[PDB]
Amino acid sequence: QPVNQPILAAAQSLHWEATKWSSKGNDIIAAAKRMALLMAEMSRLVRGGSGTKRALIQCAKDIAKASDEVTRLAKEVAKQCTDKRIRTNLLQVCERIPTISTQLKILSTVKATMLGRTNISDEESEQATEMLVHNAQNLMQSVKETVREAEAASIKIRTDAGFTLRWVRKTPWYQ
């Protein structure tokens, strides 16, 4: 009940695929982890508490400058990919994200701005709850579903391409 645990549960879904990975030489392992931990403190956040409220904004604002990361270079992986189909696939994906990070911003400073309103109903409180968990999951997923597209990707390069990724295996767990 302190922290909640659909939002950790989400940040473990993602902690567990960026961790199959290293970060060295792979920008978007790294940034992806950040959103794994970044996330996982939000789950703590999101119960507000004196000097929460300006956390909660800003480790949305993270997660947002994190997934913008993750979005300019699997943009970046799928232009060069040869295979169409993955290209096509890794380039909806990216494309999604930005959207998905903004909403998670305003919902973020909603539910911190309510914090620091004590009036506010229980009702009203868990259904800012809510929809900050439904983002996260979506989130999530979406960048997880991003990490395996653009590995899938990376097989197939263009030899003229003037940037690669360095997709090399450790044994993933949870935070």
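Take the two forms, find the largest set of C-alpha atoms that superpose within 1.5 Å, and that set is the rigid core. Residue numbers count along the first chain shown, from 1. First, how it differs from the form deposited in another entry.
Taking the rigid core as fixed, one finds a CA shift for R54 smaller than 2 Å between these two forms. After superposing the rigid core, the C-alpha of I155 moves by less than 2 Å between these two forms.
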Given for the second form:
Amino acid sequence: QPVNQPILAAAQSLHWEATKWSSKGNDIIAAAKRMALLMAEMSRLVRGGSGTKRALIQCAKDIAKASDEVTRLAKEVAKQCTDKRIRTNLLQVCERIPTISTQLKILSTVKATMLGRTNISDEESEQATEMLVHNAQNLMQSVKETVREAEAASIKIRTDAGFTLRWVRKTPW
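Return one more block: the form deposited in another entry, after the form deposited in one PDB entry shown previously.
Below: the lone chain, stripped of partners and molecules.
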């Protein structure tokens, strides 16, 4: 029942952004929603005492897989974008995500191995937790920025080229 509040808040931050749009014809939106949902599960798992070890590692694996989908798709959009200013801005963020999510897998495994066990101090334990939480905030923020910029980039899409990603806002009606 206990939940690591900053991870849950980072997850809700991403969710608030992703749910501004429909997933229909929008994978970036679908993957971002999945990440937000998985990251909320992560806050339960880090704060949960047992059985977390297998689930903590799998949750990080799921989140990293969803991030590769976000990165892969956001890179195509940058490619089809005429505005260099937006194209350049989107690409760096897309590039950073794989590094952050690779780090999520490492830190989740570290936190998972160091659990239940009384060998390590409460200091090393909290630190492992804080490293994980920091990575989670960074990841949530990077995907949120990627969602916002990918939408901004769609406006400038090369005229009549390939297939675009559909941006429909659900806030109205």
